[PDB]
Structures are given as structure tokens and as C-alpha cells.
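Take a look at this single chain, the form deposited in one PDB entry, given in C-alpha cells.
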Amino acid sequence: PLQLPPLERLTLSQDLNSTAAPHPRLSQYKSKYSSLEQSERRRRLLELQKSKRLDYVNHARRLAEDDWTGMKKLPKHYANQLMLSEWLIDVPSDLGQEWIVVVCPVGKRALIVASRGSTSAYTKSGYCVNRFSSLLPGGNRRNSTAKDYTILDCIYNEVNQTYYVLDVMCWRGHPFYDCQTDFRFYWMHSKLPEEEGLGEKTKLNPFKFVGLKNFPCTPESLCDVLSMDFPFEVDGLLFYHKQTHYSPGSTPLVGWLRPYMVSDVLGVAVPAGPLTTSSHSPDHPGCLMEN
């Protein structure tokens, strides 16, 4: 009989249903203090709140010019710029009409910033993982020297040396924060496949940028979705409310599930990709060069 301290309540954020932890069901169905079961509520007020009280124009320039003079609020450096999901718990009553889903790959979440003739990739922690040339506006030595920056939201997949583009928050020196996901996503898929070599590998563009497809969340779609092949291995599924602006930090307006959690949180087929997680010289070489 230990009497052992409740170290499980040790927490630094206030983020509800953090994906930084397991689903709010595996540990406590009634949960812990910074976890929920009612997403429906906050979802509604949050977008009934989108009435620009925020200078996203000025902020995009700050990320691009690494300038933070400053002469509820937006993060003041390269960390915490991405818009993160909570687990999908309160499955919406209108899910198949208002929401969308992006199949996500196994990789690294990054904040991509292209300006002043270069491109950098940051983690959620604002830790620089890469500095390189790219074909995003502002991201290579051949560009406009004048507010032509681009800020993207990507997952970097190692095997494919591709940065899969998850969202766009700023393109050609114009911010898309104030725009709905519907619009943000359409834009990606109309402009990404319209840049010269953006989606291929060359000297000025060493890392291909591919946009991630989105799909509808109707029973039919979700089925066919889980039945699909992808150019990568599947990490999970992101669900976006079509109407959400792009807010740095955690929101309920996009939720996350792992493939196997899907056909048991809503109701769909379960066959393909949803499953819970003389001596002797013996080694033979792939390359096969000189002994």
C-alpha cells in the first residue's frame, strides 16, 4: 500500500485532449483535468469568434524577416507557429458535410519559411532542422527581393526526401491565416502543381514539395479512403472543419485519429490498414563493390 504521488497531473500546458498523450480513454474515460469529451461546444464559439482582431500581415513579415521588435497573441519566434489538433472525440453530427480529412504520412512536422533567398524548416519547438534552396517564392537565390515570402506547414518524410505540404498560411508575401480551410486547401492544390520544379529534385530544389490530398468524410469516402494506396506509409488521419481559419497552437476544429481508431469511433470497414500497432560466414551485400 504505497500512497504514491499523483505525478500524472504534472502538466505545463492547458491544451485539451493533447495528442502529446494517448487518447483520453485509455487512461481515464472520465479523463484528467486538462482533457475533455465535449469538443462540440468550443468548436462553435471559436469560429463564431473569427473576426480578425489580429495583424497576420505584420506577423508573416516577422517570421520571414526574423524581426521581433514589437513596436490571445501570436508566438514571438519560430516555435509554436503550427496549428495542432486534439484527438477527435466528439465526432460531429455534420461530419460528412462540413469536415474533411487528410491522410498524413510518417515523418517530421515542420514550419517551412521561404524568404530573402532561402528556405528553412523548423520543428514545433522552433528548432532549425534544415537550411536549403527551394522553388517556393522567396526560397531560392533567383527570386523577387521584395516581400515574396512563403510560409508552409509540412510533414517531412525521410524515405522520399519529400516535404508533404499539409497547409499554406502565407504565399507570395500574402497571408492566408484569415482564410478558411476549404480555401487554403483548394489553393494548395491549384498552385503547388503549377510551380516549375517544386515537386521534383534538382540543384536549386533538392527537396520535392508534394501537396497532400484531402477527401470527404462520408461513410462511403472514409471506407474507400482506408482502402487506398499512398506514396508513403500512413501515420494517421487529420480531420479539418472546412470553415476554420488557421490559428497557431492547439484547436478542437481539427482532430486526429490513427487508422485503426477510425473504424471503431464512427463506423466503417476494417480490413486493409487499421490494425492496432567448415565455419560459417553469413552476411550478403546489396551494393557488391570490391571485396
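Positions refer to the first chain, counted from 1. The term rigid core refers to the most C-alpha atoms you can superpose between the two forms while keeping them within 1.5 Å. What changes on going to the form deposited in another entry:
No residue in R42, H59, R258, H241 other than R42 shows a CA shift of 2 angstroms or more between these two forms after fitting the rigid core.
With the core superposed, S227 shows a C-alpha displacement below 2 Å between these two forms.
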Given for the second form:
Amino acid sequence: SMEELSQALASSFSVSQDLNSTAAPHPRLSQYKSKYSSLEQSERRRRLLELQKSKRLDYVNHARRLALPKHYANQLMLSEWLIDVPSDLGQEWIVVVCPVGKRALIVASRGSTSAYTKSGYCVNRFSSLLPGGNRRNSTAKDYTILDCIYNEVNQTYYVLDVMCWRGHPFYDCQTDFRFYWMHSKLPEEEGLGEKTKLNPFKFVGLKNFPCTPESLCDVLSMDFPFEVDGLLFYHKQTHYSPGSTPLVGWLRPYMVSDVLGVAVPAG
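Right, the form deposited in one PDB entry is done, so what does the form deposited in another entry look like?
What comes next is one chain alone, with no partners or other molecules.
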């Protein structure tokens, strides 16, 4: 009864009923099974990739609006916990090593660069060398929209995705593409990765890596200019769509060994 009460409150008490939410611990570590846990992910992934194929929501206008969800809240594509490991993981997915920090929607718009939490609470309004985030770089629809993990200790917005660049929207492009575009547009800019009065915050993009066993092994042994928070696994083909999706998977580094059944070096 008191056991029945706890179980009920742990496993059946949710405001937004997100499947495998990372607001609760990995299902593989919970003593209670939520009704919001699902050991299944592939079917839902296949189903979503099908849906993406026939794009029936105009995004070009969403990108400018910000310069399908309302104001500045829940605009970021958020991962489920990685549970049901894709049988074609190594061929069809890539891993981004994430920094300890805070997620941020970043909107560079007419002479300024403002950061938002998933909640839409604006955290800062500042200046940036991003196509729309400077008084000198403030123009007719040259707005850009990023998805960043902000690391306060290195005072840098680590770039995780790009949804819009110099007025070009990418919501409807695959991840391989988007990540390719960010790694190509970023270094094209006067010392972003540096500190200037005009650019208070450094914007470094995050490397992604293949997910073959040997590749993951390498990844885990690399050294990063930050403290490693976790591993995001993106399906190469997923478009950018705000919300929880099983097309991206999250694990903390100590989990990779167990859930992916792969080797690991010292750590």
C-alpha cells in the first residue's frame, strides 16, 4: 500500500508523457518501470523517417518567425535515452560527444544574439559574429538559428546543430548534411572560436564520429577541451524537429560499455 503508493508515484506521474525521457533515469537503471518507458525504438524510428519523407509543415516561415511549437519554448530536438540499439547503428548513425553545460536555443537576429533554455526563458541577449548577431552584421533576413550546449567555464556556446544559417533554414535536411554545413560555415567567420568585445562568447562546433565498434573505442579514448557530459547518437537521416525523438539517443559515458556491448579503455 505504501509500496503501492511509491510505485504509483514513481512510475505513473508525468506532465508530458515523453517516452523514455531523460528527465528520469535510464530505464535500464530504474527500480520501477514507467509506463513511459518503452524498450522499443526501431519501429517508432522507422515510422518517423517515413513521415519526414513527405514534409507537410512549412519551416521557412518558422525560421523567420523566430527572427509545431509557439514562442521560444521547446524548439530543440531532444533525444530519448538510447535503449533499443539500432541493428544498423555503425552504418547509419553518428555520435556527438557532448560537454557539461546547459542546452540553448540561439537566435542571431539583427545585431544581436540571444540564448534560450528549453523552457523559452531567455538567459542572455548579446553580441555575436554569427550572420545576424552584430550591428554591422545585421541585415535583410540574414538571421541564423543554432542549437548549442553552453559551457560557462570555457564561456563557449558549443554548437550541436544548425537549424538556420544566414536566412537559410535546414529543418528539412538530414543530420549528416546539417552537421556538414555547420562544420563548413563556422570556420568561415572572423575568430568566432575567439574572445572579442564584438563576440563575447566563443562558438565552437562539436565533432561527430562514426559508431562502428572500433570507432567508438577511439572516441572514448580521445581528449576533449571540456568535461564530458555524454554521448548523443543521431540517425544520419533524421530531419531537425523540435521535441523528444527516438531518432536521437543519449547515454552517459559510463553506460556505453553495458548498453552497446562494446569494449572500453581505462576511464
